[PDB]
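Here is what each chain is made of, one letter per residue.
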Amino acid sequence: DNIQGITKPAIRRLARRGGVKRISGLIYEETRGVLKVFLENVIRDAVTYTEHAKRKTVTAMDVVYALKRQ
Amino acid sequence: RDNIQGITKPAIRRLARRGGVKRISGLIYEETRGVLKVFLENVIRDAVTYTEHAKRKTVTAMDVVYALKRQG
Amino acid sequence: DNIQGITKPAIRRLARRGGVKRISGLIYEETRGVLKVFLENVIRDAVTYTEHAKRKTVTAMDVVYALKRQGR
Amino acid sequence: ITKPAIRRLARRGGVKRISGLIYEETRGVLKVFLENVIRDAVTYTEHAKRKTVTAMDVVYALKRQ
Amino acid sequence: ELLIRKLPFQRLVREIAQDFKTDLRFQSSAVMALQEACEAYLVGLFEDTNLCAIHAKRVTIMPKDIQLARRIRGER
Amino acid sequence: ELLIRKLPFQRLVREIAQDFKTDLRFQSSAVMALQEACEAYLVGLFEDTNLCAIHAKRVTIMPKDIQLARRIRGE
Amino acid sequence: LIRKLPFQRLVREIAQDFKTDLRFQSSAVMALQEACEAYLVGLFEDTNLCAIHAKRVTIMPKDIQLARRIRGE
Amino acid sequence: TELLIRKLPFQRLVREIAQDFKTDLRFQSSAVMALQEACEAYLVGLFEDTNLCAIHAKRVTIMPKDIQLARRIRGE
DNA sequence: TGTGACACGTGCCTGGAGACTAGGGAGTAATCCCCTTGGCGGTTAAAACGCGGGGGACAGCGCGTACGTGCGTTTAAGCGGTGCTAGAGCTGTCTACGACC
DNA sequence: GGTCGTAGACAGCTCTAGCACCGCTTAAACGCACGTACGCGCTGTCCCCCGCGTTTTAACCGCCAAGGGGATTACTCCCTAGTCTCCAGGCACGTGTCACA
Numbered sequence: 024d025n026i027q028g029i030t031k032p033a034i035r036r037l038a039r040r041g042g043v044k045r046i047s048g049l050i051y052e053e054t055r056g057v058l059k060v061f062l063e064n065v066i067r068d069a070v071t072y073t074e075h076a077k078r079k080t081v082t083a084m085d086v087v088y089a090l091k092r093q
Numbered sequence: 023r024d025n026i027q028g029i030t031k032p033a034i035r036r037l038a039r040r041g042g043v044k045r046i047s048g049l050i051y052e053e054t055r056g057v058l059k060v061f062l063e064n065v066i067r068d069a070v071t072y073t074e075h076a077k078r079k080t081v082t083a084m085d086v087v088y089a090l091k092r093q094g
Numbered sequence: 024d025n026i027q028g029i030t031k032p033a034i035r036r037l038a039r040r041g042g043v044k045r046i047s048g049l050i051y052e053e054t055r056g057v058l059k060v061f062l063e064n065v066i067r068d069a070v071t072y073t074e075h076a077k078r079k080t081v082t083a084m085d086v087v088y089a090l091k092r093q094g095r
Numbered sequence: 029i030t031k032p033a034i035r036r037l038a039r040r041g042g043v044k045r046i047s048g049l050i051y052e053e054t055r056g057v058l059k060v061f062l063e064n065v066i067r068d069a070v071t072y073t074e075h076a077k078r079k080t081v082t083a084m085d086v087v088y089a090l091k092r093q
Numbered sequence: 059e060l061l062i063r064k065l066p067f068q069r070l071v072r073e074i075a076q077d078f079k080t081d082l083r084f085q086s087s088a089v090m091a092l093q094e095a096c097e098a099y100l101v102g103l104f105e106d107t108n109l110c111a112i113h114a115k116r117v118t119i120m121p122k123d124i125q126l127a128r129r130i131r132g133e134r
Numbered sequence: 059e060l061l062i063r064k065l066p067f068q069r070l071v072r073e074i075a076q077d078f079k080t081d082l083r084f085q086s087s088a089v090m091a092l093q094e095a096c097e098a099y100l101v102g103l104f105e106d107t108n109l110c111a112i113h114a115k116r117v118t119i120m121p122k123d124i125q126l127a128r129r130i131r132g133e
Numbered sequence: 061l062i063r064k065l066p067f068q069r070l071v072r073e074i075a076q077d078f079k080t081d082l083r084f085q086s087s088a089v090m091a092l093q094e095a096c097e098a099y100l101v102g103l104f105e106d107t108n109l110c111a112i113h114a115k116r117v118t119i120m121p122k123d124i125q126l127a128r129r130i131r132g133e
Numbered sequence: 058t059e060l061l062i063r064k065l066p067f068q069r070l071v072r073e074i075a076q077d078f079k080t081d082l083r084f085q086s087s088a089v090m091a092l093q094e095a096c097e098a099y100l101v102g103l104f105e106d107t108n109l110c111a112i113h114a115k116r117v118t119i120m121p122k123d124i125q126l127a128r129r130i131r132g133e
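As given, the protein sequences belong to chains B, F, D, H, A, C, G and E, one line each in that order.
For the first sequence, the authors' numbering assigns the number 24 to the initial residue and increments by one for each residue that follows.
For the second sequence, the authors' numbering assigns the number 23 to the initial residue and increments by one for each residue that follows.
For the third sequence, the authors' numbering assigns the number 24 to the initial residue and increments by one for each residue that follows.
For the fourth sequence, the authors' numbering assigns the number 29 to the initial residue and increments by one for each residue that follows.
For the fifth sequence, the authors' numbering assigns the number 59 to the initial residue and increments by one for each residue that follows.
For the sixth sequence, the authors' numbering assigns the number 59 to the initial residue and increments by one for each residue that follows.
For the seventh sequence, the authors' numbering assigns the number 61 to the initial residue and increments by one for each residue that follows.
For the eighth sequence, the authors' numbering assigns the number 58 to the initial residue and increments by one for each residue that follows.
When the alpha-carbon atoms are kept at most 35 Å apart in a straight line, the in silico DSBU-like pairs for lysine-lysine are as follows: (1) F:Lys-79 <-> B:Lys-77; (2) C:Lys-79 <-> D:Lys-79; (3) B:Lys-59 <-> B:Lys-31.
Covered stretches of chain A, as calculated for chain B (at least 3 residues, CB under 8 Å): (4) 66–74; (5) 80–92; (6) 97–108; (7) 114–123.
Worth flagging that the hints you see were computed from the coordinates, not collected in a lab.
We put the CB at the ideal spot given by N, CA and C, even for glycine.
Start from the sequences, fold in the hints, and give me the full structure.
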């Protein structure tokens with residue numbers, strides 16, 4: 024329930040780096056959902072890899088290996 | 023293990039001075055190790071694919087040569 | 024003009040297999056160019072694999088490995 | 029080659045400021061690039077046995093440069 | 059420059075992990091790498107949606123563009 | 059089950075190959091697999107192009123649609 | 061964008077200085093001008109990248125020299 | 058001429074990368090030597106381009122910005 | 001076990017969250033026309049279907065042959081520190097310089 | 001061609017991060033020997049690949065009538081970005097608690 028931590032100005036600035044000129048008012052919810060899906064995928068892959076690595080935590084290299092499979 | 027650090031700092035300095043560089047920043051070494059790992063991963067992936075195609079178990083010189091040919 | 028064998032109705036059939044309902048005139052030329060690029064890449068990879076394996080013909084494995092390189 | 033055309037190309041390329049000798053250098057490098065591409069096209073045409081350089085000759089020259 | 063504030067992103071990552079599988083530890087380096095990758099992915103997605111919007115004879119990006127870019131890229 | 063006529067596709071593939079290297083033979087299964095792959099690739103590209111066209115309130119597909127699909131597909 | 065008349069004049073001049081008795085059609089010069097546009101926009105983007113890397117906005121001859129030397133010329 | 062990277066660490070790194078890709082793979086010594094020469098040549102060329110970029114920027118000390126610029130120009 | 005890695009209470013600027021508003025642009029539609037596409041009829045220019053030679057894929061058999069591993073050890077080279085300083089990021093200017101007709 | 005706002009090298013200017021210098025260490029490597037499993041062809045075989053040859057399928061060409069795209073433009077009209085004002089974090093700063101080979 025903390026996905027709202029991705030504030031409207033954050034999404035607006037992220038689109039601003041992407042060359043976007045104007046943003047509709049419904050982009051924010053869709054972008055929050057897309058971020059939830061992408062972080063779920065990456066976190067699940069990293070967690071699976073780090074359980075396969077016989078560790079109870081997750082490291083930066085675990086995330087790098089998870090992203091390499093994206 | 024984290025064997026990319028096996029590329030010693032003096033080795034990178036010698037490689038740079040071979041290219042004519044006179045001063046190396048401290049952050050050059052990590053970026054160079056990352057770039058070398060990326061290039062080596064690409065070439066090794068190509069060589070492994072070529073070896074798998076040849077139904078072989080040993081990566082010979084031909085596989086590495088063809089991997090280099092395919093990339094640049 | 025050896026690529027004209029990929030005829031206009033062939034591209035129409037491909038598009039209508041892809042769900043397209045109406046096709047403009049320049050789509051045929053654009054699709055012909057796109058397929059020429061794709062075939063050039065895949066055949067280049069396949070003939071490179073064949074040369075690596077020391078053979079005078081391209082077999083199914085060469086094409087499969089070329090498509091694997093292309094990411095199919 | 030004209031200066032305004034070079035300016036349009038630079039603007040399309042993301043350029044914000046343009047110097048003075050850059051026009052002459054661009055003309056020179058364009059001449060060299062055209063010399064190379066026409067040499068490749070002529071070599072292919074001599075290999076392809078054609079009287080004049082065609083569009084497919086240009087495409088082949090670019091793709092096998 | 060990171061455009062997502064560190065604390066809310068950390069809270070979101072920890073919440074996602076807890077919902078998926080409790081008793082997991084995240085450190086600053088892993089979260090920073092994940093956030094950088096997420097920001098790069100979102101910038102790429104928004105570039106693609108801007109391309110789609112411009113193609114649609116439009117400048118304001120609408121969720122139609124987001125869904126189009128996602129489904130064409132194969133992520134959906 | 060194939061949309062491109064087999065013999066002209068064989069001719070095109072052999073033309074490209076002889077442009078690459080001369081006197082190269084082709085297994086019939088190799089050409090068949092290559093044609094199936096090309097058909098699948100174009101069917102996917104046309105699916106994405108139709109998607110772009112229906113997104114832009116259009117039914118007819120235009121070279122802009124294919125260019126956009128390739129551009130946001132990574133090609 | 062490049063007008064077709066000066067481009068045709070330049071290609072005719074370079075053909076005269078390289079191999080005379082040669083004729084170019086509209087499609088050939090259109091392909092050549094498209095290739096020219098692509099090459100020049102790429103070169104100018106590379107020189108612009110060098111310019112921002114150089115803490116300057118003007119694209120002097122030095123940026124052209126860099127983009128030519130690094131790319132393989 | 059003589060190699061600049063120590064042989065054994067590079068052999069171990071190559072074998073580790075291969076194990077990451079395809080396990081239980083044997084390497085011919087000539088193949089590893091060719092990989093070593095290729096990596097040395099690639100790094101020498103990259104450092105030459107980086108030095109050119111740095112000297113252009115009126116500085117001698119090359120910085121990761123120079124390497125990044127050289128890689129972006131070369132198409133990597 | 002010693003050394004290392006997280007969790008909770010604060011002040012404050014900083015960024016985000018309520019509205020207000022004036023435009024910029026999204027959306028729907030009426031022609032419209034006209035400009036393509038689709039579809040249909042006739043036709044022909046091909047593709048799809050049967051024999052031959054032999055080029056080379058493919059299988060079996062080695063056989064030196066080179067990889068993996070397994071030491072002895074020792075010295076060139078790497079890693080910790082310092083000593084020292086040319087060099088990088090940051091200022092003011094004036095001729096050199098690029099934008100508007 | 002002209003007339004009007006900006007700036008790159010020079011000179012400091014200061015901190016600094018990098019180049020030696022050096023002691024201590026350490027593992028790369030040169031050598032030696034071994035097991036053996038895979039590379040590299042040898043040799044033989046025959047699969048099918050290329051090259052020629054007759055018939056429906058279909059691709060081209062052309063014409064005609066429906067349809068839909070680009071465009072203008074009414075035509076409101078929706079609602080986003082900029083602005084304004086008010087309210088929730090964020091990094092240091094501590095103080096305390098849990099993990100690992």
